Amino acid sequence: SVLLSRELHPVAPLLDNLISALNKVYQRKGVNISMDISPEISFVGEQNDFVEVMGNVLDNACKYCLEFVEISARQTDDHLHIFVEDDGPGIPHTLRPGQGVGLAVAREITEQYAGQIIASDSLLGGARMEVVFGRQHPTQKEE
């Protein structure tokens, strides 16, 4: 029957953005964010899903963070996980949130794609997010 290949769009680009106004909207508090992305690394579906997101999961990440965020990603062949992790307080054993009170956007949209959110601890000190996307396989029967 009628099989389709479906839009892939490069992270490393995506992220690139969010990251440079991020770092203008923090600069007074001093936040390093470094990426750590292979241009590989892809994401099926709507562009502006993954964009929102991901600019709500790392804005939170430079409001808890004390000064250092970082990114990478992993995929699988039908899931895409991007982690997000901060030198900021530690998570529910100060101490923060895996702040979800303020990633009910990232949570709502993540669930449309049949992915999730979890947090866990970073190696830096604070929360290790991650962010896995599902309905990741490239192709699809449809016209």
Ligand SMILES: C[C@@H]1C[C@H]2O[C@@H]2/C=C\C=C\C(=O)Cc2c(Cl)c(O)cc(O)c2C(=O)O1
Second form
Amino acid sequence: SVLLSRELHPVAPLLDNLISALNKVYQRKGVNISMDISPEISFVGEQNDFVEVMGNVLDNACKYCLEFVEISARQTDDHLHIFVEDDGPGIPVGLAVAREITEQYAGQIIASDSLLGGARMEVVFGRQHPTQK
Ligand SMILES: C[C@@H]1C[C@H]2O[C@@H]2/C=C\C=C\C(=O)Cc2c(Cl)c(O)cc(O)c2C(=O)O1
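Having seen the form deposited without this ligand, can you show the form solved in complex with this ligand?
The next block holds the full complex; its first chain is the one shown before.
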């Protein structure tokens, strides 16, 4: 009976002012943060959930890293993929919040090994079709 558009916010922008903030919180440590995300990649749903999840994950990344954090993302159709990898010792609680919010989006958080040297956290958000009802 009645289709609708869902709110789509670009991700690149949403993480930029979040990176800046972390930079300040950990300049003492010396953390270098890079992101490589195209301007077309976006998120569907409550922009605040995104930033709260990605704040939790990005914060945790900066803590366990040595000095490097790499951010990148890929988009499928009903799924949004965010990759956060660090060079700190790795992964062979905390993200509970990020886990709770990604749950509502039919997604999950996955840990694995990274090339840099540490954890390669992948955040997957679901329910990303851009239409509703
Ligand atoms: C507790 C939360 C996520 C937990 O479910 C995930 C599984 C394994 C975690 C293994 C670790 O060794 C700690 C860790 C490292 Cl080293 C890191 O670089 C980034 C992280 O985010 C975590 C972590 O522990 O994060």
